[PDB]
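Residues per chain, in single letters:
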Amino acid sequence: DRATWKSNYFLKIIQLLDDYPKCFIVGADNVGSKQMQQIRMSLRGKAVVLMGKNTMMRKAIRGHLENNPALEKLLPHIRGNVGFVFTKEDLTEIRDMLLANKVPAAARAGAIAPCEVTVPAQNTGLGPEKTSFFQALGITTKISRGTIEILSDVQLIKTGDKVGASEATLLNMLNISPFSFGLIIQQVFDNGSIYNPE
Amino acid sequence: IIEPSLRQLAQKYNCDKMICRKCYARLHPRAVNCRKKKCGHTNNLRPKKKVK
Amino acid sequence: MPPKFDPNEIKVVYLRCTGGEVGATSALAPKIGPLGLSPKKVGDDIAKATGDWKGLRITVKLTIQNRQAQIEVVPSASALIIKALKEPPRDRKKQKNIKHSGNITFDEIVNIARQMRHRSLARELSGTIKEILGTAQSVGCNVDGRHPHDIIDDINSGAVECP
Amino acid sequence: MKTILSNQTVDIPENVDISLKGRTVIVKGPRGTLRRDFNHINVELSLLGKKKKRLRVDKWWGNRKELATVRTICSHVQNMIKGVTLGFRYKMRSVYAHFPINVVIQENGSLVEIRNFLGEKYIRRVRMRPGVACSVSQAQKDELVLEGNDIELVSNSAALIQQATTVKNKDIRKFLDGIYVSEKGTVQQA
RNA sequence: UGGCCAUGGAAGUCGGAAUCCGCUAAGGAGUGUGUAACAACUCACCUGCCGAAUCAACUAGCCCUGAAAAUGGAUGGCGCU
Ligand SMILES: [Mg+2]
Ligand SMILES: [Zn+2]
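Chains as they are written, first to last, in the authors' numbering: chain s, 5 to 202; chain m, 77 to 128; chain t, 1 to 163; chain H, 1 to 190.
Just so you know, the hints here were simulated from the structure itself, not pulled from any lab data. Every residue, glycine too, gets a C-beta built ideally from N, C-alpha and C. One should not assume that every hint holds.
Stretches of chain H that chain m covers, calculated by requiring three or more beta carbons in the stretch to come under 8 Å of a beta carbon on chain m [said to hold, decoys possible]:
(1) 89-100
(2) 172-183
Between beta-carbon pairs, the in silico distance windows are [as the list claims (entries may be wrong)]:
(3) m:126 - t:98: 39 to 45 Å
(4) t:31 - s:61: 44 to 50 Å
(5) m:88 - t:62: 46 to 52 Å
(6) t:71 - s:202: 52 to 58 Å
Restricting the straight-line Cα-Cα distance to at most 30 Å, the calculated cross-link-like pairs of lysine-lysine (DSS-like) are [claimed, not checked]:
(7) H:91 - m:126
(8) s:106 - s:146
(9) H:141 - s:166
(10) s:166 - H:91
(11) m:112 - m:125
(12) m:88 - H:174
(13) s:16 - t:48
(14) m:114 - H:91
(15) H:174 - H:141
(16) H:168 - m:113
(17) m:112 - H:170
(18) H:82 - m:88
(19) H:65 - m:98
(20) m:114 - s:166
(21) H:91 - H:65
(22) m:93 - H:141
(23) s:92 - s:16
(24) t:4 - s:38
(25) s:162 - H:91
Model the full assembly from the supplied sequences, consistent with the hints where possible.
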């Protein structure tokens, strides 16, 4: 194990490179197995998704094989948490399909905020429970007959702001999930030419 | 009653510990061996039992 | 169903499993049953009627409540349908030694099993599904007097017929 | 066995100036001096570089437990440098399920009375190690701030109030009370 | 995939016969926590950072634990690193 498998992994990546002349480098990021399965089910017919390591630092060996240049441009961009998407359809269409899929995934306590997150005026869906968790920071909440109702549309977290722990937990209890993303596109490979999501 | 993050901070100091099976020494939770020369750095350790 | 007692439509589903016969120990209704207008003894009788004459060696019970009328169905599990297609039927009370005979062939019968799978598996068609259901069998032991393991590798059938 | 030589370097920053009378480092900068003696560690505290940029610590013919000191001297000088530049700031939050541990500093930082711990009539007076200065913080309700240059003295003084507030003859898993160190940061970050 | 035996409940988890395939980058028909039972949590394969050795299982030397007695006490004594 892990000598024959390592050789089998080299055979997987080279065959995918030989089959498809176009690859889409996608950042994995905070991602679930459930997400990856959903993406597999959506992109089943056309594309083939892969997730690699520093044996993707091995496109060099494909470029060595009595043929290819152009794969030399792709070596610096295999950094961070990276996985590939091999495919033959198109480039701008596939970019739109990747952007369109995505997933919610609830608040990460500590990380940055991508958009201006809000709390709409609505009931929590509980009995006479702790209103003190909501009112600790600066939110107007009443016990309007049993249910804890928020009485105003207020912005908690703004763009480029750090998400606190107590406010993250309250958003998770409310089922408000603007944070996270799913997966991001950093760079592209299209028959030799490189693009930067443009 | 008591703020949760504040609680877990005081747990860290009181309850997130290893205990020696020979000498009952209270030890840091990463511990593989005991401190105590009295029990010869036993290595028979157990976790401190959590309050239910 | 939220505030007091109201059916706006009620096509409510919940998943019970196991149900060869009535069952003395039951555990069918309560919790989910009575609140929602489905009773207990009548619901058990309806559950017996659907899961009667096959399967009597364990079954699955999705219960779609139409206000007061439950629609029990038998959604297929792989090992259940293998045990249904065994050497039937010595149902209950000897029995006893035990339910693991497991020499009942099924070559082209499992083709129907891979077809009846609710898509699932993230497959590249039956070629891989044949390998899965040929090993799901804890009891059966594959064709005539074969093993499961590595005979699966050399399949020469039903690649294009199962879609 | 006897390792023919070991060493390390401690890159002092251009703000600080360190000086060594033999084996007795004295480190001075923004906040103040911090002397420390190592007569008891047995090493060659060379100091090299124009602009006096790095402190080197050889250790010749060391065995395993003698070579264990090399890094700990190097590290102690690192803290000494940090103390001089940034200065240490230990923060400790009070915790209770009832009796809200009433703290009050006294002379300057020196004294720390710790009243009403667990509903006890005994008022704990806790002095601070010379240099360290306690202060009751704002922007956080039940929380102290110990600041000072010499880390050793700070963390000791933190412990002093941590063990002061201890529970005897009770289930300490149940009774989680006292003033515990929450955070070991600096007076200024840069 | 409420897999099978076990219904008293074990859908990975009081126990035991089993014990493979898919997706696979890859996850045991499951190390535990805990559950009536789940859930929820926790325990490979791979990356990001950092920057050369790292780690396991035995084995035998000194040292230490194991190592409790009654008048005050005996490597002969003083002492000795
Ligand atoms: Mg008591
Ligand atoms: Zn011990």
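Hint by hint, which ones does this structure get wrong, listed from lowest number up? Hints 4, 8, 13, 14, 20, 21, 24 contradicted; others consistent.
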